[PDB]
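Enquirer: Okay, here's what each chain looks like letter by letter:
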Amino acid sequence: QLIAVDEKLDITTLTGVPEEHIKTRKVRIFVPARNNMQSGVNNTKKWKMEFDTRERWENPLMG
Amino acid sequence: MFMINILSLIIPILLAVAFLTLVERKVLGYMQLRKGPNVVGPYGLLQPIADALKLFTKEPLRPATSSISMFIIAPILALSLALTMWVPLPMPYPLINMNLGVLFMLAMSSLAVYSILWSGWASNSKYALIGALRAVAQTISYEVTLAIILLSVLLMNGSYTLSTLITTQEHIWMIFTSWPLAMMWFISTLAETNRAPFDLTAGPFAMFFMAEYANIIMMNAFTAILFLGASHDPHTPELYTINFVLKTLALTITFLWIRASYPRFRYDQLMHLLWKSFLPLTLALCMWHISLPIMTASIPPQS
Amino acid sequence: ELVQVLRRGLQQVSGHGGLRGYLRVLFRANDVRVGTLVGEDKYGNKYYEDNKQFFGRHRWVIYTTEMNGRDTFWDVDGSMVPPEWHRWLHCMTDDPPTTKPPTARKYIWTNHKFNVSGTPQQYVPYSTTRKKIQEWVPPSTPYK
Amino acid sequence: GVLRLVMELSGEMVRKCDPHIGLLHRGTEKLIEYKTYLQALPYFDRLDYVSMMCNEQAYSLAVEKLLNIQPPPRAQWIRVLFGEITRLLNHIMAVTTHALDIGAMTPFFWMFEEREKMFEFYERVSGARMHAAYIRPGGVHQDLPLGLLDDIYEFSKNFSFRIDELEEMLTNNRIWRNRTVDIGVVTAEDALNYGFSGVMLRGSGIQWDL
Amino acid sequence: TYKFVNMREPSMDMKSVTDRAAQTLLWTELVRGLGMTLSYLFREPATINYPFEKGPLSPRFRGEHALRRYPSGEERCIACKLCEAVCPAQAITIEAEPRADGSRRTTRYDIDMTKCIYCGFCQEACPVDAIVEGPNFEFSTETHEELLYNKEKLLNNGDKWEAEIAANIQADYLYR
Amino acid sequence: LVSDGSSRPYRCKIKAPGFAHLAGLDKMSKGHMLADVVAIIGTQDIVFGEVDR
Amino acid sequence: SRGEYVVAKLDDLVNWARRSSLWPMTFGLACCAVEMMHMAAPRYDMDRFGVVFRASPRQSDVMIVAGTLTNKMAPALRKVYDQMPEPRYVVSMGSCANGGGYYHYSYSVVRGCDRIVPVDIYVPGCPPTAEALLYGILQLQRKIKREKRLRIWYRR
Ligand SMILES: CCCCCCCCCCCCCCCCC[C@@H](O)O[C@H](CO[C@H](O)CCCCCCCCCCCCCCC)COP(=O)(O)OCC[N+](C)(C)C
Ligand SMILES: CCCCCCCC/C=C\CCCCCCCC(=O)O[C@H](COC(=O)CCCCCCC/C=C/CCCCCCCC)COP(=O)(O)OCCN
Ligand code: SF4
Ligand code: SF4
Ligand code: SF4
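Protein chains in written order, with this note's numbering: chain A, 1 to 63; chain B, 1 to 303; chain C, 1 to 144; chain D, 1 to 210; chain E, 1 to 176; chain F, 1 to 53; chain G, 1 to 156.
Next up, chain A with everything else stripped away, as it sits in the complex:
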């Protein structure tokens, strides 16, 4: 009723992410810095995971 298998978890093949969005990206885990424009500390309680910055360009129409 129990496999009791020993191996690290890997759900890469089930999430549907494209191949080039998995081994190429570089995630960052951090506690966001307090906005120096304010003295409140309520936004620096939890941990954030975010991806690396990629290219952004200007649309030929409407800019």
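Warning: the hint list may mix true and false statements.
As the list claims (entries may be wrong) - Across the chosen pairs, the derived CB separations fall in these ranges:
no., chain 1, residue 1, chain 2, residue 2, range
1, E, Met7, D, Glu154, 30 to 40 angstroms
2, D, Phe155, C, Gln122, 38 to 48 angstroms
3, D, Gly147, G, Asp82, 48 to 58 angstroms
4, B, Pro42, G, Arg149, 24 to 34 angstroms
5, B, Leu283, D, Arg15, 32 to 42 angstroms
To be verified - The calculated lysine-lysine pairs, modelled on DSS-like cross-linking and capped at a C-alpha distance of 27 angstroms, are:
no., chain 1, residue 1, chain 2, residue 2
6, B, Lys126, G, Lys79
7, A, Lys26, A, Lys8
8, G, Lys143, C, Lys113
9, B, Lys58, G, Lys72
10, E, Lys81, C, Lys132
11, F, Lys13, G, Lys72
12, D, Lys65, A, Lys48
13, G, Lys72, D, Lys30
14, D, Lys117, A, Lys26
15, D, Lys30, A, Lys45
16, E, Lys15, B, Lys276
17, G, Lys145, D, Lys16
18, F, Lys15, D, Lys30
19, B, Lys126, F, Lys30
20, D, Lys65, D, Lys30
21, D, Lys30, A, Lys48
22, F, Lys27, D, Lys35
23, D, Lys16, F, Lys27
24, B, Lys58, G, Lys148
25, E, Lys81, D, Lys35
26, D, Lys117, A, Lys46
27, B, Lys58, G, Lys9
28, A, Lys45, D, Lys35
29, D, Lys65, F, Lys15
30, F, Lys13, D, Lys30
31, A, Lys46, F, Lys13
32, D, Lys16, F, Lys30
33, G, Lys143, G, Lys79
34, C, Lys52, D, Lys117
35, A, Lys46, D, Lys16
36, C, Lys113, E, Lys81
Unchecked claim - What the simulated footprint calls covered on chain C by chain E, stretch by stretch (three residues with Cβ under 8 angstroms from a Cβ of chain E suffice, anywhere in the stretch; the number is not a length):
no., stretch
37, 36 to 50
38, 66 to 78
39, 84 to 94
40, 97 to 111
Bear in mind the hints are in silico, worked out from the structure with no lab data behind them.
Here a beta-carbon is modelled for each residue, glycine too, at the ideal position from N, C-alpha and C.
Following the hints, position chains B, C, D, E, F and G with the ligands against chain A.
Expert: Just chains B, C, D, E, F and G with the ligands, lined up with the frame of chain A:
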């Protein structure tokens, strides 16, 4: 000048069929708290011309896989039969005077289903074939009742001559002598032309539509002659033509009215309706009208 | 009775300036009704009312035959009504711009324009902002 | 709307029916997470677009409950009045479209005239004919116009005749009865277990109304 | 309280049976439906004569967008970006900078009318009545590109519809 | 509705009656003609905006 | 000469015939179909302009895309579009069909029906009032009136 008479019969029927679409749209709209076409033309009078030109200018979609033979044969047959039905009728003088006019029109009505069958088979699709089979079955089933009721009514006429119906109804309409046969005749004509509540189903399509509407107008004219006979004065047939035209118009408007007023029947219900309510009553009334002229000693003359 | 309705039909024929005007209005608006003249537009539109009609049909407009640059004898559209008559005609108010005209502003258009889509006067979108990054310009003088 | 239906038929009878949905799925629930509550309000107008103010009311009731506030009495009265008007709109829609699919098609126009009048009420109260976004968690957004109540009374005093006209066409008709009687019968236990609600319950005799 | 809609028991006397049989055989209810339809034929249609007649509207109507300005002629928009922050469909793009006279004015104000849901939150979030949802609704377009308004198009719309916009705002501002 | 304490909803699941009614359509159309499926769908009062969401 | 005059008159006649009877097929995908049928209601009466109600796809002249076009639905719309006879015109109604509208940033929503089929007239609104869609139909009629097919054949 026979060819002149032939053309003067054929062309006006086509024109009336052309304007019947406009009249039907206008009547349905004014029944549904709106209007029909009043922009294309002074009062929509140019609308059928616009429709005809647009249909004759649109591209045709040949299936590129079907048998072209039946594909082109079917509309020819449909329109030819629809135009051929008119000659037997007396208005008040038939173009062609025939002894068995009623039998001739029954035979043409019987032939009418071949266009449906050939159009269904030649379409190169299974679903269209299924629909064609349904339509053919309904048509033949209702034409049986049409034939029996027609014979029962004609038993009071004395012959199959369509002109004699003018003499029989000289003093009283046939509607008063046998109204139940008239109601079942009206419903059978409704079911024959695939008109609501029985409507379960560029160039050739327009021709098919023309044949259908011409058949509707012809059926209404036949009913008007058969059950509502006008008085004919041999020194002025204009009056009889006026009365017959007015009654035909009234019956056509009644068809449009029924289309605008009722829901649609299920296929089994239309089949059960016929085979379990019209046929037994039709047979009983046929027996009654066989027995009646002998019972009352009122046999019509001609034999 | 029937004589009364025929008389009203004849009055409708007579109130349109004769048979020529009757045919003109019949072929232009598909309507031959006669109503009280409310106002005349700067562009030539005429505005009529008839409070005896049911709501929706009690106010109407006969469009002009020649707007800014095009012949509108046959090609008429609802975008040819100026804003003040737009408010009066859409029942947003009970007062025509004749009794109480709108406030006058120096920036308000003096000439209303209809829908110019599919016309060389159509609107073409573009960016309204300057360039962000300025590039370095090499010198015109040689180095050696 | 748009529906894909795969069925197995033996002759005329329907042996198996399988509806495929998802042709109208825009993933609204995931879009809501990126919006604030006020920004997420207009989605419920689009959810059931025949009964808009009812969805607005449901969302508003949920949000206030979490908040722990309540609208003023006049807001509640306006909410209930426009909910009943919306129910009239939706029932006209259902009955008339059902008749049109069967083939009647005249009461469709007869009642869509009244639907247009109620759309005028919607537009007069909110400026939008259907996607009103009038009901908010706090209460109704702008308050009624001065002449609205009299017009609502005038409209509502002739609607019984309209329903009566519709009734003549379908209630006593034999074709309509043969089309609708003994079709789609569902038992009370099956309706309860299958998660049905509304008329789909009350048609089977279950006395339930929220 | 609850009602029964189909809890009637048909009468089983001879007269009632004969009446039901007469209804079946003579199509009395079908004749009644025909009569109702005939009566509905002979009453006035509700069709209006568009475009010569227009449907009723209200001062609260939401139509084409417009940017307004003060009676002196200066634009009301001060680049507060409240309309952009409250827009549910993210249809407004705003870019701003100090003007040549130091005033707080926009350099770019774009509305994508193919993204807008015409909810009116933009005009109710503006604190200076700059952006309004005007009364025009007959602005159909032959191409997708012309439905992307920039600041110049919206300012032109405001100058074109200022009279009606001012009248509607004067009518309805006491409800806001 | 699931709120995490912020100004944006953490979760918003929408329960529409059309979902359950269309689920029961399969059972309700057992042993009926093909033309009765239209009547059943009409009586279920189905709008697909709420069914699909 | 008379050569250009004859084709001018014939082109006018055929354009009038084509624009005087527009038979639409309507893709009632979403809530914009409600305003579509409200345009067919007695108040506006599309039919009095010659525009029939719910014509078949095989003999339809103009396609009206009224609602959101999803990824699961786009191939069906394209397939239906191909079947239609020429001359065929497409009318985009509502923001959802115009550019994605309220669901523009969605994985399952096509960002505009112009990605799938060419579109002649864009009707703005969420939803466009039945009067606005009537104005769009009349604008399409005027656009049809503007076209000159026999002239181009003569000058080519
Ligand atoms: C018997 C032989 C038949 C052969 C085939 C011919 C078909 C029958 C012939 C009859 C043709 C009918 C033409 C009549 C069309 C005129 C319509 C007129 O009323 O429209 C106006 C005139 O429009 C155009 O300027 C008229 C162009 C029509 C063509 C002119 C005459 C062409 C006849 C040439 C026939 C030769 C045929 C040769 C090949 C067989 C503009 O109205 P419109 O914009 O729409 O709608 C606006 C609605 N409003 C007013 C409420 C705002
Ligand atoms: C002593 C002398 C006696 C001589 C005879 C007198 C006795 C006659 C009494 C009865 C005769 C009248 C009966 C005629 C036919 C009736 C058949 C019938 O009843 O069919 C109906 C169905 O009939 C219809 O519904 C057909 C109508 C369908 C829609 C079409 C619209 C018809 C209404 C418009 C008016 C028609 C006007 C006709 C006049 C024609 C003028 C030329 C049965 O349907 P159900 O109620 O569902 O029952 C079966 C299931 N258990
Ligand atoms: S009406 Fe609503 S969606 Fe449109 S621009 Fe204004 S806030 Fe944005
Ligand atoms: S239009 Fe109004 S809300 Fe939008 S940025 Fe300008 S001042 Fe602010
Ligand atoms: S376009 Fe607007 S009104 Fe139409 S379905 Fe989409 S959100 Fe609703």
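Enquirer: Would you mind marking each hint as holding or not holding in the structure?
Expert: For each hint, the structure was consulted:
| no. | hint | in the structure |
| --- | --- | --- |
| 1 | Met7(E) x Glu154(D): 30 to 40 angstroms | 35 angstroms, holds |
| 2 | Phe155(D) x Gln122(C): 38 to 48 angstroms | 42 angstroms, holds |
| 3 | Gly147(D) x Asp82(G): 48 to 58 angstroms | 52 angstroms, holds |
| 4 | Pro42(B) x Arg149(G): 24 to 34 angstroms | 28 angstroms, holds |
| 5 | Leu283(B) x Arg15(D): 32 to 42 angstroms | 37 angstroms, holds |
| 6 | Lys126(B) x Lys79(G) | 20 angstroms, holds |
| 7 | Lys26(A) x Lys8(A) | 20 angstroms, holds |
| 8 | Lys143(G) x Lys113(C) | 19 angstroms, holds |
| 9 | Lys58(B) x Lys72(G) | 32 angstroms, violated |
| 10 | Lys81(E) x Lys132(C) | 21 angstroms, holds |
| 11 | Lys13(F) x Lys72(G) | 22 angstroms, holds |
| 12 | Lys65(D) x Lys48(A) | 30 angstroms, violated |
| 13 | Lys72(G) x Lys30(D) | 18 angstroms, holds |
| 14 | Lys117(D) x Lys26(A) | 59 angstroms, violated |
| 15 | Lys30(D) x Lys45(A) | 25 angstroms, holds |
| 16 | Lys15(E) x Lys276(B) | 25 angstroms, holds |
| 17 | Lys145(G) x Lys16(D) | 51 angstroms, violated |
| 18 | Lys15(F) x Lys30(D) | 15 angstroms, holds |
| 19 | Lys126(B) x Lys30(F) | 25 angstroms, holds |
| 20 | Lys65(D) x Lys30(D) | 22 angstroms, holds |
| 21 | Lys30(D) x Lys48(A) | 20 angstroms, holds |
| 22 | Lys27(F) x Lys35(D) | 39 angstroms, violated |
| 23 | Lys16(D) x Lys27(F) | 9 angstroms, holds |
| 24 | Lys58(B) x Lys148(G) | 16 angstroms, holds |
| 25 | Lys81(E) x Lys35(D) | 17 angstroms, holds |
| 26 | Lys117(D) x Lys46(A) | 54 angstroms, violated |
| 27 | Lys58(B) x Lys9(G) | 19 angstroms, holds |
| 28 | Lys45(A) x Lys35(D) | 22 angstroms, holds |
| 29 | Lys65(D) x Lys15(F) | 18 angstroms, holds |
| 30 | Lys13(F) x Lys30(D) | 10 angstroms, holds |
| 31 | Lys46(A) x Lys13(F) | 25 angstroms, holds |
| 32 | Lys16(D) x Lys30(F) | 7 angstroms, holds |
| 33 | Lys143(G) x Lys79(G) | 26 angstroms, holds |
| 34 | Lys52(C) x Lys117(D) | 20 angstroms, holds |
| 35 | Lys46(A) x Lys16(D) | 52 angstroms, violated |
| 36 | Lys113(C) x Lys81(E) | 31 angstroms, violated |
| 37 | 36 to 50 | violated (count 0) |
| 38 | 66 to 78 | holds (count 3) |
| 39 | 84 to 94 | holds (count 8) |
| 40 | 97 to 111 | holds (count 7) |
Hint compliance for this structure: hints 9, 12, 14, 17, 22, 26, 35, 36 and 37 are not met, and every other hint is.
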